[PDB]
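2 protein chains.
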Amino acid sequence: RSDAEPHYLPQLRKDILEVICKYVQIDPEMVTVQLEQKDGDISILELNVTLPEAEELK
Amino acid sequence: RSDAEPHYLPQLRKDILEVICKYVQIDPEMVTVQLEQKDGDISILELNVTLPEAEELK
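Chains as they are written, first to last, in the deposited numbering: chain B, 31 to 88; chain A, 31 to 88.
Some hints here could point you the wrong way.
Repeated chains share a single entry, so a pair holds when one copy, or any two copies, can fit it.
Dumping the calculated DMTMM-like pairs for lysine to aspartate or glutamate here, alpha-carbon to alpha-carbon at most 25 Å [what the hints assert, rightly or not]:
1. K52 <-> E66
2. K68 <-> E86
3. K44 <-> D57
4. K52 <-> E86
5. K52 <-> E35
6. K68 <-> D33
7. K44 <-> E83
8. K44 <-> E76
9. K88 <-> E35
10. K68 <-> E83
11. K68 <-> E35
12. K88 <-> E48
13. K88 <-> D57
14. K44 <-> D33
15. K88 <-> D33
Bear in mind the hints are in silico, worked out from the structure with no lab data behind them.
Sequences are here, hints too, so could you generate the full structure?
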């Protein structure tokens with residue numbers, strides 16, 4: 031797990047998953063996660079959030 | 031603001047920003063946000079997180 035070096039980066043992404051859950055309801059397999067980097071000692075953690083339909087919830 | 035219809039989607043992304051702050055420290059202009067959709071009544075909220083260098087923090 032290359033994201034284990036910090037131990038917080040993956041803690042925040044999983045948090046946004048529970049966060050979107052507190053306000054909505056989606057699975058972890060629906061949210062993608064991908065880290066990138068720039069030529070200047072910089073990183074870029076991007077995460078896709080595929081939300082499904084919704085209507086039964088009011 | 032097309033993301034104002036739900037009022038929670040943008041609340042979770044801003045939360046992950048503060049979350050990465052509680053465990054680290056970055057600006058909102060460093061994290062990108064982009065929503066997408068599929069041909070099946072589905073959405074895809076992707077957000078880039080450009081993290082800067084780090085060392086002064088122990």
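### Violated hints, by number in ascending order, as checked against the structure
As far as the earlier hints go, not one is violated by this structure.
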